[PDB]
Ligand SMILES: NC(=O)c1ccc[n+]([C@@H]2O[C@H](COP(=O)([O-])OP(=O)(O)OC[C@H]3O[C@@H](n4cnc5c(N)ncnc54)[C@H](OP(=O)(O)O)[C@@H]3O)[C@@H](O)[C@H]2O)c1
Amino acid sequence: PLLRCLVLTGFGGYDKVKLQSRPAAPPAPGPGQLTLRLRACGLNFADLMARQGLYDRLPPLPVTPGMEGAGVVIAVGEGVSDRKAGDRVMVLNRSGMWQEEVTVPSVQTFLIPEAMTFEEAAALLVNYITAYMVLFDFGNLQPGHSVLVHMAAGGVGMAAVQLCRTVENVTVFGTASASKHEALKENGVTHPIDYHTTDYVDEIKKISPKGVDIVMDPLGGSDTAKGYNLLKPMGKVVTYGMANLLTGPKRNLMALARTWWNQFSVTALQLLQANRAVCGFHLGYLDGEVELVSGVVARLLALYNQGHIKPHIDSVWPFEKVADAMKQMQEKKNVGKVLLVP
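Okay, now the structure: that chain only, the form solved without the named molecule.
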């Protein structure tokens, strides 16, 4: 038979991702490695960034993209003693997850709870690990705090809103199109704001003149500066994405050097006088901290088993319609996770 997979063959529009095949050879994973068949693959903003050549560490083209997936183990290499054929597992990697069969280090896989579906598992890792580390490891989210979650209807955003509810009395401001406000309030947003029909900075200050304690910034650019200045004493803005670029254009423009005009910069003296902190985060740029990531996953699985987090699914697309799947996200039409299925 034949195993299918998606291949990025160049940088540019949606048409640069091609569906290709390959002969299914018998599984022979080396030591400490696992071979598995995927049932669902996650789509992340970092994938759109990769596709336009903005990712400093995407392996040499052509390559199969994708950072997360969920599936079944069909083969285990020598050494590994906590995984067996037939185990349902979710997996995290730098690339290569958008295909039917993957071989990876066992330590990069995690057991899926019995009650969790493959779809939920594929929608969990990247979004919730990011939200968790942004809110807790950097933000040090505390009871009585107020948070601004940009793109609150997106995967990370929805994960962030849900996590904010696991802490007492946290006021959540969330930005997204008015058309999604109802879903925003149902997920846990306190004050939904349409950054397209209003000025979100003013809209937040009318309600909380002092500002907020944490700003989650997946936008970057001139929005980082607005986040920083929206901070209350002891607050922090955490940048984990550059949506103000990777979104909109179907092909990257080299006149993005102009983008420099809007890059946010800070001096220690400014931070000192304002009692603020600016932080940066990207799971795709996190260097070999398996023990750190693993501890976070465990926390998330416990929250799941207790009914406190539930990955919401926006849509599921077959490898054949990857173009539309990427469009769903880039055009900001999704409410929840966008997944791909073999």
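Under this definition, the rigid core comprises the largest set of C-alpha atoms superposing within 1.5 Å between the forms. Positions refer to the first chain, counted from 1. What changes on going to the form solved in complex with the named molecule:
- For the residues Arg83, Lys250, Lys185, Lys232, superposed on the rigid core between the two forms, a C-alpha shift of 2 angstroms or more shows up only at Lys250.
- Annotation for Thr117: C-alpha shift under 2 angstroms between the two forms, rigid core superposed.
- When two forms of a protein are overlaid on their rigid core, residues whose CA moves 2 Å or more are considered shifted, and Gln108 is not one of them between the two forms.
- Put the two forms on the same core and the Cα of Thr259 is off by 2 Å or more between the two forms.
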Given for the second form:
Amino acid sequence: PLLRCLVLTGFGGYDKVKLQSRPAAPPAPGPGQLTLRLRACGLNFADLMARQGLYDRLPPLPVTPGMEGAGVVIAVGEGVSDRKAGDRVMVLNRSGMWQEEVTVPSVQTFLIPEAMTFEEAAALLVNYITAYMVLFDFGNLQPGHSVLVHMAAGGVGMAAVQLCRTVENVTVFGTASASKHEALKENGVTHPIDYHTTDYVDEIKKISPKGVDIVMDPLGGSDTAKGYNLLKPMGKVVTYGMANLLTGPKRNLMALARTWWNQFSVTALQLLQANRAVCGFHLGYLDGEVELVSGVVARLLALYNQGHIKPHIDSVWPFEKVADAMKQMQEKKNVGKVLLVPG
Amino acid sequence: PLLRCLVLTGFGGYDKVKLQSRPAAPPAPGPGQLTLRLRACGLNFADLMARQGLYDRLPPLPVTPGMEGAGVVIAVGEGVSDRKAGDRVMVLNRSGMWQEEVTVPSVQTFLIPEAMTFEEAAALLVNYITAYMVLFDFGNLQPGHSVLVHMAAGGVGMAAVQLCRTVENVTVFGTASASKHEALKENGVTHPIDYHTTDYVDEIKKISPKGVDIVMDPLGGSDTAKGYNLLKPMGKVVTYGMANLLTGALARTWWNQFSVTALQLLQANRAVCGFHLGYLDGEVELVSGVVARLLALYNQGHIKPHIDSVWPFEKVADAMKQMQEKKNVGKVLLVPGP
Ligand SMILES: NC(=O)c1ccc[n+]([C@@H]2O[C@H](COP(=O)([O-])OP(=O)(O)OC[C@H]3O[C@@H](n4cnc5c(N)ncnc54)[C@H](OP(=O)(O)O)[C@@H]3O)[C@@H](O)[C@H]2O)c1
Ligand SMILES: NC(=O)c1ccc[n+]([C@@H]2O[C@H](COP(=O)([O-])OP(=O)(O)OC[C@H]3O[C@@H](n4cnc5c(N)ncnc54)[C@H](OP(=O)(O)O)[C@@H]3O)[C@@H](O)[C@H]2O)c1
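Previous: the form solved without the named molecule; requested now: the form solved in complex with the named molecule:
In what comes next, the whole complex appears, and the chain from above leads the way.
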């Protein structure tokens, strides 16, 4: 009865994540802990960044990557009141989620709803927490606002478009490759823009010359400034990624140095004479703020049960094909969440 | 039968604002304009900064200062449908409000509700609009949050404390002189702090070690950084003044400008916001929705402007002293009077 795991031994291309096996030791959870078997795991942009050595919250090598999964608790430690063996939970953690068996703090798990599948549960947490906190806690989304959702056909992107639809009369500018544009219109993008073939600043200002109310900035680098200058009065640009660093399977020092030189900085007089806000969000730095993230997860489960959000699964891959899964995200082929299953 | 006005002749001390009179010509407002007679006018910190030559939005000298008033519409220009002669209105403008008769775009006026006096009306707009848009539009105040309200005994300060009370279970840290501390607690301040005699960062972090959720920064300069480092995760510091430039010794920290990078904000899970109401002219729909929400809160009895003192034009100097020498608690008002 062997257990399967993916391990990142070194930094580089796809081949640096390797499949391994381990003897199924008896489950022994500590105090306030849960050991559970994973049915599905999320592939995140942060996992690609960590594989290239550009995610600083990654523990030392070698390590099993992955920050979210969904499965069934097989053993419960002491002090855990709400969990019993056999409960289905989605887990958010710093690393170690690309493996069949994992042990995590009970307070970092969340009860999966009834009709929610393992795939949907594994797709919910990272993307929808990030989108909810970018648009509402920082963005303060309101009826009548305009939102620029970059990478709108991605995980965070599709989640943010759905959450925008939960707010009355919200105009959504979404950027993604032209092929995905049709999918974008199905998900709620009001104005699809292919930023690979056009200048999205110009397209937006041709539609809305005064700009937009919220700009979601996963691109980072120079793009941050573009977002800042697309803001209407009282607007907010929420920066939460550096996706311009990812160009290929291996880290490339040219994009690293270009973002290192073109960092966005703002001064108090700059913000004051404008009527704009700059916000930063990092879910990795929210661990230990379990009350906050838990309230967000409760809002998200409420929205799911009411049928206002439903994670879109692009593709599911076994561990043996983890490389291809990563390609699906790095070659910009995915529309929605990419998932891994333990073969 | 002449009409009175105050004029700013030069930049400097209190004596640089002089009283003048002019014959009362018949009101002739242009298209989309209103000419109205003012019963009360607001004294704002911006007026002091403009008198000292520190307000960038001030028209060239000489000019009548003042940015808010309340009065009676005496003549209506062409194209104005919602305003009629005799209407009681609050007016917001960039300058020219320290005078008996003034002409302004009709879209910069707001019908005063009854049971609101003219003095409360003249105290409402600048302070409560600024406080509302700092706490809600940028700050996104929610139940359970903690707010640091600097200058909590001033106009914006008291307005912001009242608006904080309109949200359930909001911890308010307020900074003002120790005397006004009692007034602070009467207005809704949970933890009065005298930043003249203690370090408000230390006091806050002794009460709440993780900091606060929203920091209202009228101080500017080095204090902005302090505010930024007082923020809990998802916190917001909304800077909306440079009150440290109106020092009136001088420390080495006084020269510290605030600057922040995208990765710093990202790593700290924080937000820095700037608000300047003067740069919102021409955004009448936004400010008008803010005024409507404020009038709603007033009708429900959740906000009531606190008037510190009312002064005639001839005593304008004393009025400015009341604010510049840190004596005021609430709004300072000017009336034409005798
Ligand atoms: N701060 C946080 O807490 C947090 C949390 C979650 C995610 N994030 C960030 O949110 C962004 C998206 O995350 P995600 O997980 O949902 O993945 P994702 O959106 O699916 O990213 C893949 C898609 O982004 C687009 N893309 C843009 N630039 C790309 C690049 N250099 N390489 C590959 N694809 C690129 C591609 O689609 P198109 O070309 O068609 O547009 C691609 O299909 C990422 O920057 C992530 O780092 C941050
Ligand atoms: N950006 C915008 O659109 C906008 C709009 C309105 C106001 N503002 C800004 O909000 C700030 C407060 O405006 P305000 O009209 O309500 O004035 P205020 O609050 O009445 O300020 C006076 C009070 O501030 C305190 N204070 C702090 N530093 C001071 C100093 N260096 N000199 C004198 N007094 C000082 C004094 O009381 P204590 O010492 O007891 O505290 C004094 O009682 C101002 O900086 C204003 O520029 C901005």
